[PDB]
Amino acid sequence: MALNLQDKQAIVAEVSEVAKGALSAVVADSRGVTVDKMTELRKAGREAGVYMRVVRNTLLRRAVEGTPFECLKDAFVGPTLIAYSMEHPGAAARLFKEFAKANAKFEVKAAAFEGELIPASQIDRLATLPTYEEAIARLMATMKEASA
Amino acid sequence: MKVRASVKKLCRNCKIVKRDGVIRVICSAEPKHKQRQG
Amino acid sequence: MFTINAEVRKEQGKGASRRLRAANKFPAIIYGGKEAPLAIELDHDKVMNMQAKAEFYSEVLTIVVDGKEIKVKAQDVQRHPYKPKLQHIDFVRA
Amino acid sequence: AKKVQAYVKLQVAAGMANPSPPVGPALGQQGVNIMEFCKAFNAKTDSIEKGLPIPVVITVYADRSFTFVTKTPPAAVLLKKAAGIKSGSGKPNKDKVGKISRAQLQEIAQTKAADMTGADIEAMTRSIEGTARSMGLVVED
RNA sequence: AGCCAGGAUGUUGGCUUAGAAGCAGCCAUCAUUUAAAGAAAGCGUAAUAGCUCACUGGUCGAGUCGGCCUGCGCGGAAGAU
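Note that the protein sequences, when read in sequence, are chains 9, q, 4 and Y.
The first sequence begins at 1 in the authors' numbering and counts up by one.
The second sequence begins at 1 in the authors' numbering and counts up by one.
The third sequence begins at 1 in the authors' numbering and counts up by one.
The fourth sequence begins at 1 in the authors' numbering and counts up by one.
I should point out that these hints are in silico values taken from the structure, not numbers from a laboratory.
Errors might be hidden in some of the hints.
[Claimed, not checked] Cross-link-like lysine-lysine pairs, in silico, DSSO-like; alpha carbons within 27 Å at most: (1) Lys3 (chain Y) to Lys109 (chain 9); (2) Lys37 (chain 9) to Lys9 (chain Y); (3) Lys94 (chain Y) to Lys71 (chain Y); (4) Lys101 (chain 9) to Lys37 (chain 9); (5) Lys37 (chain 9) to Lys2 (chain Y); (6) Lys3 (chain Y) to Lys101 (chain 9); (7) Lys86 (chain Y) to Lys101 (chain 9); (8) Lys86 (chain Y) to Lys105 (chain 9); (9) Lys97 (chain 9) to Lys3 (chain Y); (10) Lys43 (chain 9) to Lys3 (chain Y); (11) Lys43 (chain 9) to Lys2 (chain Y); (12) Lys43 (chain 9) to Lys86 (chain Y); (13) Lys101 (chain 9) to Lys9 (chain Y); (14) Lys37 (chain 9) to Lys94 (chain Y); (15) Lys109 (chain 9) to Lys9 (chain Y); (16) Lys86 (chain Y) to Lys37 (chain 9); (17) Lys101 (chain 9) to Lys2 (chain Y); (18) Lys105 (chain 9) to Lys9 (chain Y).
All chains should be modelled from the sequences, with the hints used to inform the complete structure.
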């Protein structure tokens, strides 16, 4: 541990992501291996670039230190180990979906999908955050509904 | 058993314990290190 | 800025000094300028800690005696011959 | 990939999958088949490049037939066939004598970006510098 | 303090040696991915391998660490009617 001019940096990035971000997931890394986070690296990598950071911060004076500002409901998701996956550019994308599909392959756990702060609930794996650019499905029925 | 006037921790594993008014070194690792004050 | 507290010595001598030493105090003196030399006692423990630091001897110190700040510099210190202890201190006015 | 079994990586040949002195029977004998290493590995070898070392990992357990998998080339040996001196040194590490290229050490790391944790594409090139300065090769950036 | 994890790369540093891959030595004691990982403190070996350790991240959730001064005690302490 340093002093006070190093611990704040972690919170600075935490608050920055917590505030300036979007839909976020959770990954209780109780025994993180080497491919577990490596598999997420590629998953997070797909999303634009390096904006889907996922550090192993579950301290009350670390990841819970930036709860007073934004995401003021991580006090219940601060015990044990909670790897907050704060997003950035875009919205929810397939983060929650991917996480669920990545946590269903026995990748440690995620405290029963605690969840971040976006809607007005808590734990709810929804798949209504996937399509958000599709605009060619309304041009498949035009050369088949003319003859009849 | 070494029985000495001067008993000491000889390694990391060596622990000092007093039993029945006798300082003794007992070591989990090395049998040679186990000592007694006399 | 080291601030020492002190009391003026009623009785001086060999026996007295010894007694003082026994009671966790130790004698000391201030001397310099026109003013007469002032004999004082000091609590030992407090002063020893202070004197551990090398800044104690170089810088000016403030002795408080009868509610009066005298600014002095440590001139000489008698130490005990085989203990971490102070027999006596010579302070010079500054 | 989430679970692994057995793996014996070894610089083999891509031109002809049939060695003896280097590998041969030592490349597979504990349930592995040496007859299934020259009918599937060569199939996915005539659609890229063959001749340089190609580390391979056979997914064999105890069901005879296995599943040949691919890999990637070493980044430390990437400054020999795509830089300058092949050895990369020549004398005891004490007097810098090696060198690299300022125009390279960027597109040579993009080829092996399937094994780099660096989220950013330029972040993977930062790790190459350290691998390109193993002995102390001074680049003319 | 225990408890759960890692304890990597260049790299097995070169030699001289029969071999030397942290661990026969002799010598340099550097750099990388950085949360952190000693060209390695102990075990281990034909030597690798393998098993620990250093430091560090987590759990936990209040005191804890080892010097100084002195009081009293313990061992050191076996003899012949």
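Verification of the supplied hints:
1. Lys3 (chain Y) to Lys109 (chain 9): 16 Å, holds
2. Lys37 (chain 9) to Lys9 (chain Y): Holds: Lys37 (chain 9) and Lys9 (chain Y) sit about 23 Å apart, inside 27 Å.
3. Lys94 (chain Y) to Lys71 (chain Y): 34 Å, violated
4. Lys101 (chain 9) to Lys37 (chain 9): 14 Å, holds
5. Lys37 (chain 9) to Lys2 (chain Y): The hint holds at about 11 Å.
6. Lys3 (chain Y) to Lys101 (chain 9): 16 Å, holds
7. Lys86 (chain Y) to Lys101 (chain 9): 45 Å, violated
8. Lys86 (chain Y) to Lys105 (chain 9): 43 Å, violated
9. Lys97 (chain 9) to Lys3 (chain Y): Satisfied, since the Cα-Cα distance of roughly 21 Å is no more than 27 Å.
10. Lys43 (chain 9) to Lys3 (chain Y): Holds, at about 18 Å.
11. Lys43 (chain 9) to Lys2 (chain Y): With a Cα-Cα distance of about 14 Å, the restraint between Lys43 (chain 9) and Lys2 (chain Y) holds, given a limit of 27 Å.
12. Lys43 (chain 9) to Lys86 (chain Y): Not satisfied, since the Cα-Cα distance of roughly 36 Å exceeds 27 Å.
13. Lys101 (chain 9) to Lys9 (chain Y): 30 Å, violated
14. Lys37 (chain 9) to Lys94 (chain Y): Judged against 27 Å, a Cα distance of about 38 Å means the pair is violated.
15. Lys109 (chain 9) to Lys9 (chain Y): 31 Å, violated
16. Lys86 (chain Y) to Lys37 (chain 9): At roughly 35 Å apart (the allowed maximum being 27 Å), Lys37 (chain 9) and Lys86 (chain Y) break the hint.
17. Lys101 (chain 9) to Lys2 (chain Y): 12 Å, holds
18. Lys105 (chain 9) to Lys9 (chain Y): Given pair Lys105 (chain 9), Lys9 (chain Y) holds - Cα atoms ~26 Å apart, limit 27 Å.
In summary, the numbered hints that this structure violates are 3, 7, 8, 12, 13, 14, 15, 16.
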